[PDB]
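Once you've looked at the hints, dock chains S, F, R, Y, G, C and P with the ligands against the given chain D.
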Amino acid sequence: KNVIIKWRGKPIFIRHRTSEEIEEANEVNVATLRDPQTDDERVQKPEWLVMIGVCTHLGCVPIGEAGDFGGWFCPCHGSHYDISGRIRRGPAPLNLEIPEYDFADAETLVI
Amino acid sequence: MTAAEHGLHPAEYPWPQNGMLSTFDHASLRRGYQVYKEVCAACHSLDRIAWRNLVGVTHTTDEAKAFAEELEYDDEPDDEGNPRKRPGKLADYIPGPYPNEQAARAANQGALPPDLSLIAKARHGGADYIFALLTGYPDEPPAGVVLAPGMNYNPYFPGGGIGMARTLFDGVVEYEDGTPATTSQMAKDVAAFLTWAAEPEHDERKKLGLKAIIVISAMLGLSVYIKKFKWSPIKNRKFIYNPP
Amino acid sequence: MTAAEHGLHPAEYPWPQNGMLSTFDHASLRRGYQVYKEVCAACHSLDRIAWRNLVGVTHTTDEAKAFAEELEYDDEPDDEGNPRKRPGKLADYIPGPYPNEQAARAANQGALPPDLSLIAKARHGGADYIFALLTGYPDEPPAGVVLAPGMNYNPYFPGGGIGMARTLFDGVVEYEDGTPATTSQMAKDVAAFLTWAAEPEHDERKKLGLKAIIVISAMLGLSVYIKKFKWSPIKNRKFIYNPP
Amino acid sequence: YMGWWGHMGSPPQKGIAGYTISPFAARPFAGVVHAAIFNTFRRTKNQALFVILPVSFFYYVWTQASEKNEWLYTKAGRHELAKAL
Amino acid sequence: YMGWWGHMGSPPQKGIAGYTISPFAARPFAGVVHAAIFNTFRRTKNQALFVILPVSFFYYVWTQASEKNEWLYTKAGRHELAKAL
Amino acid sequence: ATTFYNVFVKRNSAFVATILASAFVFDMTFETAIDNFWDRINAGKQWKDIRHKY
Amino acid sequence: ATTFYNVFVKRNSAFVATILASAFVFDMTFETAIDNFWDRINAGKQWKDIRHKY
Amino acid sequence: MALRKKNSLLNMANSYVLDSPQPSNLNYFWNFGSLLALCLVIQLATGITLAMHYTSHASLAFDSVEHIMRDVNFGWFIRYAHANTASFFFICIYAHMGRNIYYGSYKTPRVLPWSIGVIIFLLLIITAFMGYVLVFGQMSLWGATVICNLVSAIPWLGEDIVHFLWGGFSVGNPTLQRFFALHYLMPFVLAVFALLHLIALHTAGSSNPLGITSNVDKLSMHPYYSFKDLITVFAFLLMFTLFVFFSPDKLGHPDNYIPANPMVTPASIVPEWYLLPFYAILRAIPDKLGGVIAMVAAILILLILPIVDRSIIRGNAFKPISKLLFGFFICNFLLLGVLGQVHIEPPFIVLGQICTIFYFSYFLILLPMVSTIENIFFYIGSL
Ligand code: HEC
Ligand code: HEC
Ligand code: HEM
Ligand code: HEM
Ligand SMILES: CCCCCCCCCCCCO[C@@H]1O[C@H](CO)[C@@H](O[C@H]2O[C@H](CO)[C@@H](O)[C@H](O)[C@H]2O)[C@H](O)[C@H]1O
Ligand code: FES
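Keeping their order, the protein sequence lines are chains D, S, F, R, Y, G, C and P.
Numbering of the first sequence is given in full-length UniProt numbering, commencing with residue 114 and proceeding in unit increments.
Numbering of the second sequence is given in full-length UniProt numbering, commencing with residue 85 and proceeding in unit increments.
Numbering of the third sequence is given in full-length UniProt numbering, commencing with residue 85 and proceeding in unit increments.
Numbering of the fourth sequence is given in full-length UniProt numbering, commencing with residue 7 and proceeding in unit increments.
Numbering of the fifth sequence is given in full-length UniProt numbering, commencing with residue 7 and proceeding in unit increments.
Numbering of the sixth sequence is given in full-length UniProt numbering, commencing with residue 4 and proceeding in unit increments.
Numbering of the seventh sequence is given in full-length UniProt numbering, commencing with residue 4 and proceeding in unit increments.
Numbering of the eighth sequence is given in full-length UniProt numbering, commencing with residue 1 and proceeding in unit increments.
Be careful, since some hints might not be right.
[As the list claims (entries may be wrong)] Facing chain S, a subset of chain F residues (Cβ under 7 Å, in silico): (1) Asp-163; (2) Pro-167; (3) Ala-187; (4) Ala-190.
Since the hints were made in silico from the structure, they are not lab data.
The beta carbon of each residue, even a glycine, is placed where N, CA and C say it ideally should be.
In isolation and in its complexed conformation, chain D is listed as follows:
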């Protein structure tokens, strides 16, 4: 599941990723990526994808679970983000930004 928390006006996507989702994200060779990053650079905890859910193209919010890389699909100009929230297809130049987030408890994060 993926949550949407507003934080400084920007939406925050929080997805509780499954084991197989993590695996799917760890596949794509960094080389072939507009914005080259691995999931380990993105998440500090593999079960908590926390991103700023503004599309990097113009600034719509991607609809999650949709896409072609089964992550996030911006409906505005059709840009597809990954399970890491990396840009794969469409006009968007960058991957979905990561906020400064810390696990205060293992059950609560502060953003």
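This is chains S, F, R, Y, G, C and P with the ligands only, laid out in the frame that chain D set:
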């Protein structure tokens, strides 16, 4: 960048208001309002324009009051503090189609149709861009363009894929003045109207500028005579030197 | 003016916070919050105070979050642009009993109960006035006073007739700290609380003032020594005059 | 009407010798207790009337006026107030 | 390094006679047409190189750069652009 | 010419008075003249030209 | 005394340095001293005094 | 003695604007000083007027500017006058600086007015940048974001300083309110420094286009330069009129008519035209800190002209090689301006680096070399 990424630059069309001494054609402004009201207003707001702004530009006071009075606006609460509506007055702003951004985006496959009150100033190109965009949807996208779902190809829009579909077709409006409502005619009228909305001082500004040009030019000419006159003793000075 | 028209002036009570070096009694502040919450908040708002303001003054962070989370506040609209509520956060302001003035007046026979966030600063008298007013409703109005309908006699209120009835009676609150909740005790606590609400910097302000007094006093003493020292050649100057 | 150092606009000075000592050689608070008591007493005594007379007069005026005003707005002062308006 | 009228800081002047006529006695626009044409031509001709050389050079640079940039972002310029990045 | 000089120009009080009165007249007439010219070059375009239909 | 003068006072660079270092120390110690005094004269009144109940 | 000289107050006016002794041969480029005074006055008048209608709160700022354009009588004029005069202020200031560099106004004995002048130029940049933010359109926001994140390059404390200037963790309401207060204030500081550089200049007086002393031949500031200043005032007002009344948006950027949106980033964040050369210099250096230092150094390096110009002769009127070098310097400064608004793409990346090297090498290499050689040519050539 690729030309595609920039968008095709719109032609320079000869608008009536182009020209240092030229006002808007107010009959075109009126027709443009009718296009806005019957086509654009479905999705786009015009939030910076009040009913009073149409008066003596496109409509008489009576016509504008009629338009305002057809709508309901939020009144001050009644005596039990319950909410109330009132009919609109000339001081009211023209109300938008959606209650908030979220409702707007939900109705437009995620895209938010911008408010059109400043759009003629807020895009490179101005009226020419609006005219080019509304008239520039090709029947078929150039072979090889992959449009995202819910996008329409339009070369004037940067990137090529715009969330707004073609909306002007011959006879979507029936003009009250008998003008044939062709796609081009409606785009010209609505582009004129939106340009007026962005810069409603335009006609007055250019008349005052004409007065300023004339006076300032005369003052410039006279200032040159006066300078030459006062300076002539210095410019005409002669010396005779006898070494001591 | 007659004394009646002015209102009786309240006594000077010895508040804990009176005194250049004295803070509020925070246990009284906490008890006063409980009186506000259980008695005044029925009619009076406290709109300038947020839940976070109680933290480390009267309540721990947990207690204040608990209070906030029990309430519903307006959220941003959902994705279809429909309105939504959320539970309260510490950043939220304490919500009022009425949606608008009209609703407030309708519930109070025309009178509008003021917001209490600044009332201790907004009346001559401050805490003493609040204390005097709440405790100063006589059983019977002085013989010959004609009260307007819906008015109550209270000599501290200018004119004598106040729209707020007596509200504090022995045991309307049950204090959580076992303090006997007498009319006087509750008035003292709530008056302390409201004074804090009006001036929450009070404790810090007076401590910084103590530091400033000490430093500025020392600098004043030293400045006098230095002045006398530098001036002594002028003050000690002597002359001998021999007429030429 | 004022010059500057060297040409201040003094009439010519001649015949005055001026003497003074260094701040470090002097006691800055020499005779301070005598001054604080006796000098301040002399200077205050000499100026006292110029403060006391106007202050006492205007205070008396105010006192009389404020007491009358207070009395006019009592029950006892009803009649006198009616005439005053 | 500058004084004021009367003591401006000129070396002593002697032997120069200066003459001029009143603004009301003179034609302010005397020989204006000759000056506007021949004098402006002389003064412009003498300064032309100092404007023409730098302007023409920097315009050429810009023209070459802008044309290359345009060409790199065409289809034809795909390969050259790939190398340039 | 001497007469004109003596009356309107010689005294600065008179000269300034003449300048200000001329400024008043210029201001009023120039306003009117520009108004009419502007209306002629923008004929049939302004609201005043179409108002009559409504 | 001469020693003290020669080291800390004679050179203005040293004097200003001594004044600033003293200001630093005063600032830090005075803060602490006032804090403790304020807490003693307002004992049982402050949040820190009642916090333990919660 | 005449009252204008006797009375202390009148005498100060007199010494600056009436009996001030001027060289008799100043050309039209000595008129930019008074135009800059006129721009400063127009900006104070229009500025104070807009402040009577503007609201500094971020929820209302953009709308208050629309209210000015739409509802306030002549509001459109006051707004466009203020916005366009800011561009004219920089045209006149670049001209005035150009005049000073070409004619050697920075040489002894005028180093002090020059050095104060360099600070006036910095204050003008800051003033104009803050004013740009007050609209709170897209260029306003994205300008404040980008420019205040340059401060992040200051080591150790940079991030902290940014958050302190913004008054929070992003550009928002606190930022806008503080820029309003500072934008109001800065023009007054700027006016004081303008007055200081004039008082400093009064000791030497104006230089003149021949570079020789004028002590031999002076003219009162009034009436000669009063009436000559009127010609350029009317020429300026003609240009002002053409922009303000006929093309009020020609110098500006459409993106500032879109309300600030922290989510949507504009297509291109480019500064106002007059800042573009400094922006190109910053882009040239790949390092963040390096770029910031270079950009500041591009202004502060003007302070060393008094040292690096080794000529025995003041100004360029008689120095053919120096005139050529100055031509190339000025054109390169314009090319930098143009490169400030192109995309960061080939081949403009390397070109911008070359132009940046040329900019600095004028002060550090060429001007010292050329001025040394011209000294020797004048001496040998006239033997
Ligand atoms: C039923 C929907 C709809 C109608 C009808 C419509 N629009 Fe739009 N319009 C949009 C949407 C959605 C966008 C945003 C497109 C995007 O950002 O991809 C838009 C964008 C625009 C833009 C700005 C494009 C840009 O550069 O950002 C202009 C101008 C515009 N519309 C004008 C009009 C005019 C004029 C009319 C009719 C006379 C009109 N629209 C009719 C939905 C509509
Ligand atoms: C059910 C109604 C009600 C309750 C309970 C109530 N008030 Fe009020 N209060 C009012 C109304 C109504 C007024 C305005 C009266 C007027 O202006 O005539 C008022 C006025 C006041 C005033 C201002 C008097 C002035 O000078 O204007 C203060 C202070 C005050 N209340 C404090 C309190 C405190 C403290 C409590 C309880 C601890 C309290 N109130 C309880 C209704 C109430
Ligand atoms: C050197 C003097 C000044 C300069 C260079 C300057 C420059 C600017 C600029 C560039 C803008 C942005 C204009 C826009 O695009 O809309 C602006 C806006 C503004 N300035 Fe100034 N300004 C100056 C003096 C002042 C002063 C003294 C005030 C007094 C308050 C002021 C008040 C404003 C206000 C309120 C705005 C915002 C409204 C608007 O954008 O028009 N300015 N200024
Ligand atoms: C508000 C901005 C400014 C104003 C109003 C202003 C005004 C003036 C005026 C009126 C003069 C005397 C007349 C003239 O020579 O034009 C002058 C001279 C001068 N200014 Fe400025 N100035 C400003 C900014 C600057 C700047 C930015 C510099 C330098 C970077 C500068 C450096 C000088 C110098 C060196 C002179 C003496 C030049 C000479 O006469 O030889 N000024 N200024
Ligand atoms: C520019 C706007 C107009 C207002 C004036 C500008 C304010 C700046 C004035 C404050 C600085 C004081 O200005 C200073 O005063 C005195 C007299 O006034 C001048 O003194 C000068 O003129 C007087 C007589 O006119 C002579 O006695 C003197 O020999 C000469 O140097 C200084 O050269 C000037 O530097
Ligand atoms: S806005 Fe996200 S796809 Fe264009």
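Status of each hint after checking the structure:
1. Because the smallest distance between the Cβ of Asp-163 (chain F) and any Cβ of chain S comes to about 6 Å, under 7 Å, the interface hint for this residue holds.
2. Taking 7 Å as the C-beta contact cut-off toward chain S, the hint placing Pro-167 (chain F) at the interface is violated, the least distance being around 9 Å.
3. The beta carbon of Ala-187 (chain F) is positioned within 7 Å of a beta carbon in chain S (closest approach about 3 Å), and the interface hint is therefore held.
4. Against a cut-off of 7 Å between C-beta atoms, the interface hint on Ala-190 (chain F) holds, since the closest Cβ of chain S lies about 5 Å away.
The structure is inconsistent with hint 2 alone, although it conforms to all the rest.
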